[PDB]
Amino acid sequence: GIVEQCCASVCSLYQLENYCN
Amino acid sequence: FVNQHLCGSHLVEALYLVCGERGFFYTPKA
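Protein sequences, first through last, are from chains A and B.
Numbering follows the entry's author numbering, with no gaps: position 17 of the first sequence is 17.
Numbering follows the entry's author numbering, with no gaps: position 18 of the second sequence is 18.
To be clear, the hints were calculated from the coordinates, so they are not data collected in a lab.
You may find that some hints are simply not true.
Said to hold, decoys possible - A partial selection of chain A residues facing chain B, derived with a Cβ cut-off under 8 Å:
| # | residue |
| --- | --- |
| 1 | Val3 |
| 2 | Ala8 |
| 3 | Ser9 |
| 4 | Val10 |
| 5 | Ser12 |
| 6 | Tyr14 |
| 7 | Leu16 |
| 8 | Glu17 |
| 9 | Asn21 |
Virtual Cβ for every residue (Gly too), placed ideally from N, Cα, C.
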């Protein structure tokens, strides 16, 4: 998961796309 | 993304606001 990055840094949309299909 | 780095399901609400229809795939698995 890359969603803990949004808990600790400037949350960005590429972190969402790079985890779907 | 939202204005503050608050931890929660709001970033999964954001994944519905982007990918929506398919659910989500996610990384380490069986």
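For each hint, the structure was consulted:
Of the supplied interface hints, the one on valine 3 of chain A holds, with its beta-carbon coming within about 5 Å of a beta-carbon of chain B, less than 8 Å. Annotation: interface hint on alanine 8 of chain A holds; nearest CB of chain B at approximately 7 Å, less than 8 Å. Below 8 Å, beta-carbon pairs count as interface contacts, and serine 9 of chain A has one with chain B at about 6 Å; its hint therefore holds. Nearest Cβ of chain B to the Cβ of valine 10 of chain A: about 7 Å, under the 8 Å cut. The hint holds.
Interface hint at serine 12 of chain A: satisfied, since its Cβ lies 6 Å from the closest Cβ of chain B, which is below the 8 Å cut-off. The closest approach between the C-beta of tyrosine 14 of chain A and any C-beta of chain B is roughly 10 Å, which is over the 8 Å cut-off, so the hint fails. Residue-level restraint check for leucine 16 of chain A holds (minimum Cβ-Cβ distance to chain B is 5 Å; threshold 8 Å). Interface restraint check: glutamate 17 of chain A against chain B, minimum CB-CB distance 7 Å, threshold 8 Å, status holds.
Against a cut-off of 8 Å between C-beta atoms, the interface hint on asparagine 21 of chain A holds, since the closest Cβ of chain B lies about 4 Å away.
Comparing the model with each numbered hint stated earlier shows that hint 6 is the single one that does not hold.
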